[PDB]
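This document starts with one chain, in the form deposited in one PDB entry, laid out as structure tokens.
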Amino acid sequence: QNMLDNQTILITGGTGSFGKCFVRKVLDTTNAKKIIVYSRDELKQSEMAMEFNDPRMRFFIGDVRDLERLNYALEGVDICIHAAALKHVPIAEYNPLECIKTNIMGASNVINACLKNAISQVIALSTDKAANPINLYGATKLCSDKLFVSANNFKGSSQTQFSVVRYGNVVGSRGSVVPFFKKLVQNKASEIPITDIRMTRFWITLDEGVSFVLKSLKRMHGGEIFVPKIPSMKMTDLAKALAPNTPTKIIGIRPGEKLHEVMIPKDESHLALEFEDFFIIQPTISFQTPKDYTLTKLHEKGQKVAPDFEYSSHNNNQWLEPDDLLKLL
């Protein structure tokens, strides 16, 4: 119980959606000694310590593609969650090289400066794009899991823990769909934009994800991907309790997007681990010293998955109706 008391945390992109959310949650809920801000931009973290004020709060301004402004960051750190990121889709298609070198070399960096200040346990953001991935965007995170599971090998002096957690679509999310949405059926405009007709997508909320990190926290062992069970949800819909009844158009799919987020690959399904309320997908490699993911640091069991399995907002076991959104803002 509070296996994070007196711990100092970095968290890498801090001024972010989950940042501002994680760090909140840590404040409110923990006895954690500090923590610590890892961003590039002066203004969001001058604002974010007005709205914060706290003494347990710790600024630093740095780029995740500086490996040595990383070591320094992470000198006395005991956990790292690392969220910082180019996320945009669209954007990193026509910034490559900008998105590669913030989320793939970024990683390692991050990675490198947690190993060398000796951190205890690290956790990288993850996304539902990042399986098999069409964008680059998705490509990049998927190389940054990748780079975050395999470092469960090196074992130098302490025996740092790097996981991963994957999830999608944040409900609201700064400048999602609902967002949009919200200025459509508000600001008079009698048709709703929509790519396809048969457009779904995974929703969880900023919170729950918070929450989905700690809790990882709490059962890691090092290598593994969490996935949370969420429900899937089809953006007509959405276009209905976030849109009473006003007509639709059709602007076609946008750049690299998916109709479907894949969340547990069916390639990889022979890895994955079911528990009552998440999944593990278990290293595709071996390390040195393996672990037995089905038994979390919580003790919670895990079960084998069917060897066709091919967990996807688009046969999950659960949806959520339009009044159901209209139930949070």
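Positions refer to the first chain, counted from 1. Here the rigid core means the biggest group of C-alpha atoms that line up within 1.5 Å when the two forms are laid on top of each other. What changes on going to the form deposited in another entry:
Of the candidates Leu97, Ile197, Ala189, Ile253, the Cα that moves 2 angstroms or more after core superposition between the two forms belongs to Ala189 alone.
The Cα shift for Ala243 between the two forms, taken after rigid core superposition, is 2 angstroms or larger.
Okay, that is the form deposited in one PDB entry; can I get the form deposited in another entry now?
The next block holds one chain only.
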């Protein structure tokens, strides 16, 4: 019950869509002692401090590529939510090392600084793009996920648990598809570009993600890659919600984009454990002090999966109509 009770939480990339939503959720629904936003931009932090004018907030201007600054911010932290990252796929293809420095080396420093300040639980955000990735960005998240999972194979005088939360497209995220079909039809959208007529994706709301991360804290043992069960929607149906009466030119594809997204690769189905509405991808490596992932801290039991299971988007159980999208737009 309420384990953020009197705990100090630090969230990197805290000024982003997830960050503001996560901070908002934690402030409203928990007795967290203090909530630390760790990010770089003074503009956004300056703005955020005004809209979240709360004494339980602390803003540290800092970069996840700077270990000394992180070591200083995590000082006395209990829980670290790692949401900082460079995720604009095509921009990442043109700026490889930047994305590597922020996502890979950033993961690296956060883990180092958390261990040093003896943090209790750490959850880093992943992405479906990190499974059998093709673009660099996805490659940097895969390296990220791997570091956090491996970070558990440590042995300090205070067990620090490291877990990962992976989920697909965030319906209407700060720069996604939905938040475009609105910004275009607002400035006389001559026509809203599309791509492949097979394009499918997983879907979830920002609130669902936050809630999920918040709950993963309650059942995590450390080492897990939690995957929530979410619905998928073909990119066509997403053409009748923010401009059905406006044509949509066909672009086909964009740099480093897939036709379908993978959440749980086939080659990892033996590590995958199933639950009522979420999966647990177990560590591919073994830890010194092994844990039993079949029983979460929330005493929710899990069963393995089909030796030939593949949790992909091109074909999942749940889907969504252009109404549900507006009903949850």
